[PDB]
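Peer 1: From just these sequences and the hints, can you work out the full model?
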Amino acid sequence: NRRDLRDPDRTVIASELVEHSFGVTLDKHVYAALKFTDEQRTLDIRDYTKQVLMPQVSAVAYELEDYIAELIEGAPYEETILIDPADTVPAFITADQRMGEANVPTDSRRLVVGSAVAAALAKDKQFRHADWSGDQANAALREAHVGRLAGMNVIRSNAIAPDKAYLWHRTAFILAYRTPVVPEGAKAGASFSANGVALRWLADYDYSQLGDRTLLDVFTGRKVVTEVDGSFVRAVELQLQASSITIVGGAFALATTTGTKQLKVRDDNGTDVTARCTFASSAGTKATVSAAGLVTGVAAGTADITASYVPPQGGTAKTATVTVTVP
Amino acid sequence: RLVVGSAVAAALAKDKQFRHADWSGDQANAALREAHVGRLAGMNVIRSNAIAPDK
Amino acid sequence: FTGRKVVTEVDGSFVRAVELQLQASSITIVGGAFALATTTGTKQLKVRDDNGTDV
Amino acid sequence: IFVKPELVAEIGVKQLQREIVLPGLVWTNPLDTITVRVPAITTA
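Chains as they are written, first to last, in the entry's author numbering: chain A, 56 to 382; chain B, 165 to 219; chain C, 274 to 328; chain D, 4 to 34, 43 to 55.
Think of the hints as simulated: they come from the structure by calculation, not from any bench. Please note that a few of the clues may not be correct.
Said to hold, decoys possible - In silico PhoX-like pairs for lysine-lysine, Cα to Cα no more than 20 Å straight-line: (1) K219/B - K178/B; (2) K180/A - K178/B; (3) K180/A - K180/B; (4) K178/A - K219/B; (5) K105/A - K90/A; (6) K316/A - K90/A; (7) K178/A - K178/B; (8) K278/A - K83/A; (9) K341/A - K316/A; (10) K373/A - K319/A; (11) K278/A - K17/D.
As the list claims (entries may be wrong) - The following residues of chain A were derived to be distant from chain B, with all beta-carbon distances above 10 Å: (12) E94; (13) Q181; (14) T371.
Just so it is clear, CB atoms sit at the ideal spot from N, CA and C, and this is done for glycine as well.
Peer 2: Written out as structure tokens, the structure is:
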């Protein structure tokens, strides 16, 4: 506190400190089970390590990647940055200055971008034109790699949404993994490990069901590191805001007079937005459309379907109408 | 001594004078690369979060 | 114990230092449209100024 | 049911704070009051 000299009215007025804390716990049990129905096992399966162990390991690894994936966006993000499709580096500069405002350390800042973000960076004029880029090699034209940008490392990952990027400090997410202890009253298994973390492979013979059953399991726990006041300022999310949408394939008939067609809609950037788009039919009796866009032909003729998408930047929802000719 | 805020530094990085390598004149192109303006005018640039970012 | 002082000139002008201020073109409220929290809640509104700094 | 202790740890979790850059860039003078003389400039 600031004290006025030669005027004692606010004598002392001391201060204090309160140390904070947060808890991290294991709450998920990632497991993959396979019943083998022994009579099938005697003739169907040929290589136990090839067509059984490898698929299980791959499934567990991809499940762990997905577990990281929903945890990445499962945080109280404040802003979306709203990267302009044409000019993209101002968005990165804004994200960097937002991180700097929160006094986040610059060292060990991991940035992961999607395929659409990399495509937008490649399409950007400031990275193609050598006079606007600096490097005479022009990697944007000779290749597709973008390189270092705004003091960050670009890593492509398809697990996250293509029109999404995440820049987080090293101490932002807490992931804990526990290898299950092999029981002393069961057949000995193995110590298969995928991407560093070790899994437990427990196999048992079910005499009641005349089968063999195996399980690959591992314990895990997740935590999002946030401030005391509930302000997650240790990471930033960048979104590729869109300006137009269109239904892929243009005009189409369908399949037949009594068929189905899974309609798909893509934005101008080139990202799938089918899940987050609504579909309306102006000729519902002529053509029936589902919530996910699966239009079903109930009556032969000509109809129209309008797909609406809420823009990430906000405002009016972009609409696109496509005709259909049900045979 | 010249001291700029977060907003001023962000605008300097976003300036076309420094962003464009041909206009900046530096083949390193520090604006697109690791964010740092460097020497501006006849002095250096000091980044401080204590002062107002817009001033 | 500390003491503050600004070194002005004899005429009465502070020409030994200068301040630079960023311009503002438009202001936008964060989050666009929002409901609130409930029928009897509170919400701390925040507004941008197209530059990044808080106003 | 087994009673267990509690664990409180600390691994690289530092609260965000400011940076001391402004001090040292100003004319600091040690030490009632301090008066600084202003030299005079004559005319011809």
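Peer 1: Please go over all the hints and tell whether each is borne out by the structure.
Peer 2: Hint by hint, here is what the structure shows:
For the hint linking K219/B to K178/B, the alpha-carbon distance of about 16 Å falls within 20 Å, and the restraint holds. Using a Cα cut-off of 20 Å, the hinted pair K180/A and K178/B holds, with the two alpha carbons roughly 15 Å apart. Taking the CA atoms of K180/A and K180/B, the gap is about 13 Å. The hint holds against a cut of 20 Å. The hinted pair formed by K178/A and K219/B fails the criterion: a straight-line CA distance of about 34 Å is larger than 20 Å.
With a C-alpha separation of about 17 Å, the suggested pairing of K105/A with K90/A holds against the 20 Å cut-off. Of the supplied pair hints, the one linking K316/A and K90/A is violated, its CA atoms being roughly 35 Å apart against a limit of 20 Å. A threshold of 20 Å between alpha carbons decides the hint, and for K178/A with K178/B the separation of about 18 Å falls inside it, so the pair holds. Note on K278/A and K83/A: the hinted pairing holds, with a Cα-Cα distance of about 12 Å set against a maximum of 20 Å.
Restraint check for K341/A and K316/A: the C-alpha separation of about 15 Å stays at or below 20 Å, so the hint holds. Only pairs whose Cα atoms come within 20 Å are accepted, and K373/A paired with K319/A is accepted, the gap being roughly 15 Å. A hinted pair counts as satisfied when its Cα atoms are at most 20 Å apart, and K278/A with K17/D qualifies at roughly 16 Å. Even its closest Cβ contact with chain B, about 64 Å, leaves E94/A beyond 10 Å, as expected for a residue assigned away from the interface.
For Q181/A, the requirement that its beta carbon stay farther than 10 Å from each beta carbon of chain B is not met, with the minimum near 7 Å. With a closest Cβ-Cβ approach of about 28 Å to chain B, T371/A is found to remain outside the 10 Å limit, as its non-interface label requires.
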